[PDB]
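Heads up, the chain below is alone and in the form deposited without its partner chain; it's given as structure tokens.
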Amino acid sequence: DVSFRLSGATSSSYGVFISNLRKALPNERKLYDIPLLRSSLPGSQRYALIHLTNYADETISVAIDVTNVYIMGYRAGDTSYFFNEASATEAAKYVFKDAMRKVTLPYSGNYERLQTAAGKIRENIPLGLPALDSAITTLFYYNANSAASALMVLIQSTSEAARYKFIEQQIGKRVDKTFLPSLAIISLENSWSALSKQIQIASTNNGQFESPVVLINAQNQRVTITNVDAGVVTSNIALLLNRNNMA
């Protein structure tokens, strides 16, 4: 299990938390010094639990699938909450089994569904450590109308931070402030599967992608990424989705 406590948290201690979350994920190999995640694991090995505690000492436990860093659902007290999808129904056979109530959320855990349900796009939802505190409080005292936006804060602060060093560093900097994510963060979130696939292809193709990936950089320019010597591959992406795990 991995834990993070917001009371007394610093940039350094969020960095230690995201390091430990990456270390909790099993990898087959490394390609270009980046962990390649497993394609399939038995249910008994497939899930990791993250414990998150806000400023008021209220704790939720979040279940993640370690093959794709996907959040399956969370527990608050005696009640578990799972996303309305196939992988989350599978997850509920293995985690939070002694929860007295189980609630199935009225959506799946993908962004197009969560943004529709929240009525807000990712660019307009604050991130930073105080926004994670707020997200924990909202999810602990489950308010249906505010859950979807809180779950997007939670996903971006744990899963997306683990996938990219840039996202980890941007969220971790904001200890007593909040910020709105740039299109650079949004395009990294959007492009993880495609970048992962192309880096796996590149290892059999002399470091060259078969299909380019278009990212948005810090100056809001569309940049076309074509190989493993690009900065996003050398010094940013921290985990690779297995090619067998993309559908």
Second form
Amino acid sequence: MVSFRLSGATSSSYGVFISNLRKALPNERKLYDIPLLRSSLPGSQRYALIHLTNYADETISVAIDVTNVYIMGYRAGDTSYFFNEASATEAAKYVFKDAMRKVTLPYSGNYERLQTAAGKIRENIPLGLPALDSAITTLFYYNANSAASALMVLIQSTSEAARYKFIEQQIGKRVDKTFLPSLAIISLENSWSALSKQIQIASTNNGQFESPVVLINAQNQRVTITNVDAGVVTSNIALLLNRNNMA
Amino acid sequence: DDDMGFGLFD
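The form solved in complex with its partner chain, contrasted with the form deposited without its partner chain above:
What follows is the entire complex, opening with the chain shown before.
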């Protein structure tokens, strides 16, 4: 249901986009006012489509698992493109079924594999609304040599933005330029599963983490999160990966 | 709001 047009995109229209994406995700409940996602849903209920439209009015449809906001694959015209991983093979039973051509991407949805495939670490891939527009275009035509980079842009501008207010704001503020994401942004992406897990545990442990989560802040300092008074809990994280989303 | 992310981490 959720759509975003890059043409005329503002910091505001991008925020409306990311609040709608968040809103389209079922939750178990909230913890500390942070929505806690469902661990599991039936296949028929597990996937949603996000539509993104570049300056040229070319549209890609992106399939995400609503239990974890992982991107499973995308569709551009008659062609579907799914990550080479079991989660996406499963999604491909439910989504993009009338795609005439079905491609399996030569990588899993995992930043290490995507970075290897792009020959590029995230810290050197620009982000911003114009970056998102080139990603869409790159993916609409499936440059197999530029696609992995453009999947990292796409991932961070949807999935990651959805998960962290800091990521959202930082991307959406680049309306007519691009930026290189800080180690802070990267840290938050890397640490989502563990932070989420720790906040869950804290909920039956008086707000204490059982295990420190080490983040990098915007001054590049290593900082240790051990409780629910951390700024990352009260003023950043916007979605909790359920601890039971995997065995 | 900045790029300094003050209070959004620890």
